[PDB]
Amino acid sequence: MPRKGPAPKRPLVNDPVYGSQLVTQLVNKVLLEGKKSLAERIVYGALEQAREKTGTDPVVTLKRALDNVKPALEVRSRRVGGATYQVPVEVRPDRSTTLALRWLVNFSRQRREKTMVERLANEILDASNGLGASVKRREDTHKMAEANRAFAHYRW
Amino acid sequence: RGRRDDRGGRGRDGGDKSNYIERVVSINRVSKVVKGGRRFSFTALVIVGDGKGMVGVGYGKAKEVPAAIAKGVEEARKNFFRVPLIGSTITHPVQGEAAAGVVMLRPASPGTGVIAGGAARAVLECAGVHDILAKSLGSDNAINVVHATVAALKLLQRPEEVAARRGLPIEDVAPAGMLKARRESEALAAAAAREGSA
Amino acid sequence: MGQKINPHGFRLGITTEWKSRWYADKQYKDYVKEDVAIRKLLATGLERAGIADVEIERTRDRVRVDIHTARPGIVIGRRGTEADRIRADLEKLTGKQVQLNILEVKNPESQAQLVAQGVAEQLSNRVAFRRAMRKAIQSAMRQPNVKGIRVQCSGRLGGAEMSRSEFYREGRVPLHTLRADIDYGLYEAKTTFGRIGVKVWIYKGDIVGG
RNA sequence: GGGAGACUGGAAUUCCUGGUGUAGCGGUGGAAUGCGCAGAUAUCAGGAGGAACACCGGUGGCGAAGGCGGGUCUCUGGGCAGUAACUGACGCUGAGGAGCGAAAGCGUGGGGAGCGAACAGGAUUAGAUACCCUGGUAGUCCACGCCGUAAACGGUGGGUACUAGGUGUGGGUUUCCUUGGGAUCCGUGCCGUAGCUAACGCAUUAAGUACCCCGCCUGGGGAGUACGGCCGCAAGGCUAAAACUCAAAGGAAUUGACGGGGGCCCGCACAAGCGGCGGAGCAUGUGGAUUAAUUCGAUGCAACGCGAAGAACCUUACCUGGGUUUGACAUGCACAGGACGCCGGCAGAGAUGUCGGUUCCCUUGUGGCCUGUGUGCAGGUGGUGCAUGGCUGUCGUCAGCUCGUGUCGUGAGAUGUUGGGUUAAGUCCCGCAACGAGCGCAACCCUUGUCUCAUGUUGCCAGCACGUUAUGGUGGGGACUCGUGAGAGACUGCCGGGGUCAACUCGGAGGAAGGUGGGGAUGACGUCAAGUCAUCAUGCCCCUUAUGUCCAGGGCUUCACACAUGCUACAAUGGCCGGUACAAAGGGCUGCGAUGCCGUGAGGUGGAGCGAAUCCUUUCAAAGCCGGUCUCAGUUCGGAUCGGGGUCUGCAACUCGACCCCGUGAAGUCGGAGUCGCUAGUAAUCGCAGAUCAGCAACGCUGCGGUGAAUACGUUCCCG
RNA sequence: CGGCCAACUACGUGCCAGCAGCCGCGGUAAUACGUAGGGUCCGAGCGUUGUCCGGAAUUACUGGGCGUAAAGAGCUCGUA
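For the record, the sequence lines run as chains A, B and C. Each residue of the first sequence is one higher than the one before, starting from 1 at the first, in UniProt numbering. Each residue of the second sequence is one higher than the one before, starting from 17 at the first, in UniProt numbering. Each residue of the third sequence is one higher than the one before, starting from 1 at the first, in UniProt numbering.
Taking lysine-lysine and the DSS-like style, the derived pairs with C-alpha atoms no more than 25 Å apart in a straight line are: (1) C:135 with B:77; (2) A:114 with A:29; (3) C:135 with B:79; (4) C:4 with B:51; (5) A:29 with A:9; (6) B:33 with B:68; (7) B:87 with C:135; (8) C:147 with B:79; (9) B:68 with B:94; (10) B:87 with B:48; (11) C:19 with C:33; (12) B:79 with B:48.
Honestly, the hints are just simulated from the structure, not real lab data.
Turn these sequences into a full structure, and let the hints guide you.
Laid out in structure tokens, this is it:
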């Protein structure tokens with residue numbers, strides 16, 4: 001389904017408890033394989049722990065962390081003539097939400113809390129303030145993009 | 017060309033009219049490289065003719081040998097060619113050229129025999145000649161010497177045709193010995209023909 | 001190389017019927033063993049005779065062995081002398097009693113098995129193989145009703161060292177079409193130089209006849 | 001822009017002096033030597049000096065050929081046309097001969113900006129005596145001479161006459177319209193007949209048709225080399241062999257393959273993701289080493305959980321030993337027979353031997369039966385897949401592969417099958433010296449998705465009745481399933497737009513489903529001397545007193561290693577205990593085996609009931625959900641290993657079975673270079689059944705269902 | 001007694017021993033090596049070697065060529 005053009009994608013239902021596209025998409029990216037129900041227990045429990053440490057709507061905290069990790073430019077690896085060129089490219093909306101949620105989950109998974117619920121709670125909170133390692137990966141990705149701005153012209 | 021002697025209880029071998037004289041001159045397997053190997057086919061240079069002096073030249077392409085011979089028979093069948101003679105000789109010395117094929121076809125006194133190489137010997141043994149004297153100069157081949165011999169027989173013409181081209185009463189076109197040979201050959205045509213009527 | 005499935009085994013559900021027909025629970029391995037030894041017993045003298053098909057219907061332990069051949073007269077010599085000898089040996093080799101029905105095909109040249117018989121038996125007899133075949137695609141043509149034929153011969157053709165396969169045909173022989181009614185027959189010539197395996201495909205018609 | 005001489009012009013590069021002015025400039029695929037920070041590169045003003053002539057300027061002019069382009073002046077060469085005034089064949093060619101003759105090179109004397117062999121450093125690289133970079137001498141320039149060579153090529157000696165044309169452009173004369181057109185002589189290109197040619201091509205500027213003179217060729221190397229001579233300051237040029245050796249070396253075109261060639265396309269090919277392998281332990285297989293034997297096969301992709309869908313004995317092909325001869329097994333001869341063969345007893349590892357009981361069925365000649373003694377002979381998992389058949393893999397489920405008849409070509413061959421668009425596709429349309437066919441692709445078939453009709457037990461249970469314990473359990477019922485038969489339904493059929501008004505493509509409706517709905521089965525012509533003489537069959541060769549055959553024991557399971565596919569892990573999305581909910585498919589006769597009882601548990605005792613929509617595999621699962629505990633640790637993670645104790649299968653678990661109980665408790669903290677799979681019910685994870693099978697090395701293979709994601713911007717890059 | 005070039009089968013050695021005018025035959029099924037049968041061609045002879053002409057239009061007077069196959073002097077002027 002590449003090389004024939006764009007392929008049609010599956011529509012994604014929203015969350016029952018919270019009512020967001022982004023909560024369910026966070027669940028499907030929490031899903032270490034097999035246990036979607038257990039992924040729902042991790043995401044739900046982590047967002048009620050975010051509800052405990054904020055006292056507000058958890059999806060607003062989620063979208064504010066999701067905004068504070070969301071990148072605007074990504075670097076490529078295109079190679080013109082015997083030298084590897086980091087090429088910076090504009091990021092689509094779905095690509096940016098994917099990098100935000102995927103970085104959020106993976107660098108929550110590196111973090112050292114006891115369960116997974118406390119990890120994901122503390123990573124959504126620290127990404128809401130801006131103090132997680134995932135925000136530092138957003139700043140390192142914009143570091144590679146702004147450091148490599150000149151190669152971006154190819155218009156590629 | 018093997019295993020031709022056969023007796024069949026089938027419908028027919030379809031033997032019929034035109035029992036002509038047919039000579040197969042040469043067969044060289046012709047190969048063609050394609051993806052993964054060689055494809056062998058077959059070429060048969062087929063001479064057909066009757067003893068009057070009508071000659072065919074056929075050129076058969078098939079991937080079986082009797083198939084190529086039969087296609088050369090049908091192609092020379094499609095394309096005959098008239099050869100003018102005197103008795104059973106040829107009229108006058110010619111040289112034919114088919115692009116490298118040189119053949120000199122010279123007449124001779126009768127009794128001498130068809131002296132020619134195997135391709136020219138084939139084209140002249142099918143034809144109505146019995147005593148001429150040829151030679152194949154250049155090109156050392158079968159196809160070019162057959163086709164050059166047929167071009168050489170296209171450079172032939174009647175004594176009468178020459179007389180007609182120049183608007184001259186024969187006698188006045190030939191010399192006399194060759195007119196005497198016309199009298200001899202038409203006289204034996206009369207003897208064998210009137211022995212053919214009775 | 002050519003990974004071509006046996007087409008009588010590729011249409012045995014759809015068009016071509018099974019050759020052996022019964023029902024068997026816990027008796028099946030025995031019926032298989034008897035079926036094998038019967039077909040070995042009908043290989044030799046009937047392959048002299050001109051055998052094409054060996055069907056075995058099997059009722060409540062009687063047996064019914066039926067053979068489709070091309071000469072009732074070599075299978076049935078003197079009445080009961082040539083028939084009841086092989087019939088009686090089928091009655092003794094099996095632990096059963098045999099009802100042998102023998103019947104003629106209205107032609108050969110349009111049984112693929114019998115075309116393979118006549119071709120390979122000519123090819124053991126030192127004839128020219130291209131005249132072998134191309135004599136067979138001849139006849140085996142025309143006859144009634146037959147919309148294609150395809151003859152392949154591999155092995156030491158003419159006694160040569162190389163094993164050259166040959167491939168002659170005429171008409172339409174579609175193998176991938178399942179409403180084909182193709183008869184197939186491979187029989188193997190036995191020369192002194194070796195064995196010349198002959199495959200014959202015969203496409204009778206488009207007719208499903210469902 | 002024919003040549004020579006003389007005088008002169010500007011733009012640009014470099015250096016120089018002087019301003020303005022600061023830390024980089026230069027260079028590259030990416031860099032570094034290099035020039036700078038003492039004032040560079042940059043910019044402005046002035047000066048020197050050399051060489052080359054932007055634009056006009058090109059398929060154009062001139063010259064015999066080399067060759068010739070800033071300008072002007074001076075001297076000089078040739079060509080063309082027009083008139084026909086003159087001479088009156090004075091023409092053509094030209095062996096030797098003299099002259100001219102690019103570039104490089106040579107001599108003597110000048111000149112020396114740019115470029116630049118050699119020559120350095122830098123870089124690249126395995127290594128660069130190379131390409132690329134920085135510098136750089138002879139040279140390139142002028143004067144005067146040498147040299148004499150070039151793909152000095154139109155690869156075509158010079159002269160002359162003739163042989164259909166069409167269209168450009170250069171020089172000049174004239175008839176007509178009145179610059180346009182015509183006609184003409186000379187020039188230079190592109191296309192084209194006839195003719196020619198081996199073919200490509202040439203084709204009035206011939207490679208055509210003919211005449212005149214000259215040069216030159218006689219297979220490829222050896223070799224344009226030696227010897228000798230001539231010229232030259234030298235480098236070298238010119239003239240020019242032989243021995244010897246090869247069976248060829250060549251020309252043009254054809255079909256393929258190939259390219260770090262071009263174009264257009266596709267595929268988990270990359271990208272975007274997800275999960276792995278490679279490190280640990282084990283399970284299997286292979287290499288290697290061992291061995292009495294480690295039977296034999298299969299080594300890129302396409303060998304290595306592969307022949308094996310089941311190695312304790314058997315299997316079994318191997319080894320030590322014990323036996324054996326018409327043999328373990330057939331059948332044809334002779335020859336004797338009368339029972340063969342059996343069920344035992346004994347000795348033996350067992351094969352086997354020796355004793356004990358039974359002794360034939362037809363007939364009169366033998367047959368059914370064997371043993372002998374021989375005879376042909378059987379038997380070989382002995383050899384050759386480079387003698388084969390059959391079966392199979394692979395390129396690739398890729399879109400291709402051909403043929404007939406016609407035409408084109410001396411021929412191999414081409415054409416068709418190329419072109420324009422389209423397709424999952426040589427699918428399909430429109431063109432076209434082709435017109436058609438065939439094997440493929442598609443379709444026919446199975447399964448999955450919806451409904452209709454038929455349909456009632458062993459299957460369902462709504463509406464009825466009866467159960468009480470336990471449930472369709474039971475009388476009953478066709479309503480729902482479901483089971484299996486027949487049938488409808490997807491066709492771009494219906495509407496909108498692009499389409500050449502063609503194919504086909506973008507959207508919409510209806511519909512269970514939308515555009516080959518999903519998955520199968522289906523492998524074209526051939527390739528690879530691919531695989532297999534061990535499934536079988538088989539040609540030829542070999543053994544026949546063993547390479548046959550019978551048995552016991554051993555081996556195929558050995559182990560300092562190395563590879564390969566898998567499984568369990570390294571933990572909290574987890575472990576352990578308790579409670580609880582949902583499958584699909586299958587399997588079953590000397591089989592599957594329930595309640596009950598005995599065990600802790602493998603299991604034991606027992607046999608209900610079933611050849612099975614019924615009985616049994618428990619009413620079937622596990623992951624799931626609810627709850628408790630564990631608190632990040634070499635641990636309540638992990639189970640290898642080792643000890644004790646058992647059960648079952650089998651004549652027999654030592655070498656070598658699985659399972660259970662108690663203890664024991666190792667490596668292992670997500671794994672280097674590299675690399676693999678996968679695009680939706682997919683990946684991932686979770687159990688279940690089956691074949692082979694007495695038992696099992698099953699973590700394998702084949703299937704069944706459960707829960708169930710992420711990503712695909714797009715063809716630049718790697719692979720086919 | 002491969003092909004040219006009239007005339008073929010078995011046995012024996014299986015890249016050996018050998019053959020051959022050129023093309024080329026021998027790697028355990030050779031019509032090409034050696035022996036046998038058999039055939040063919042010649043015949044008091046029949047093969048080999050050498051030397052010459054022929055085929056060779058391959059030094060082309062009769063009777064060849066020179067765009068790319070070997071082959072047009074680098075280009076002119078001009079003596080015989």
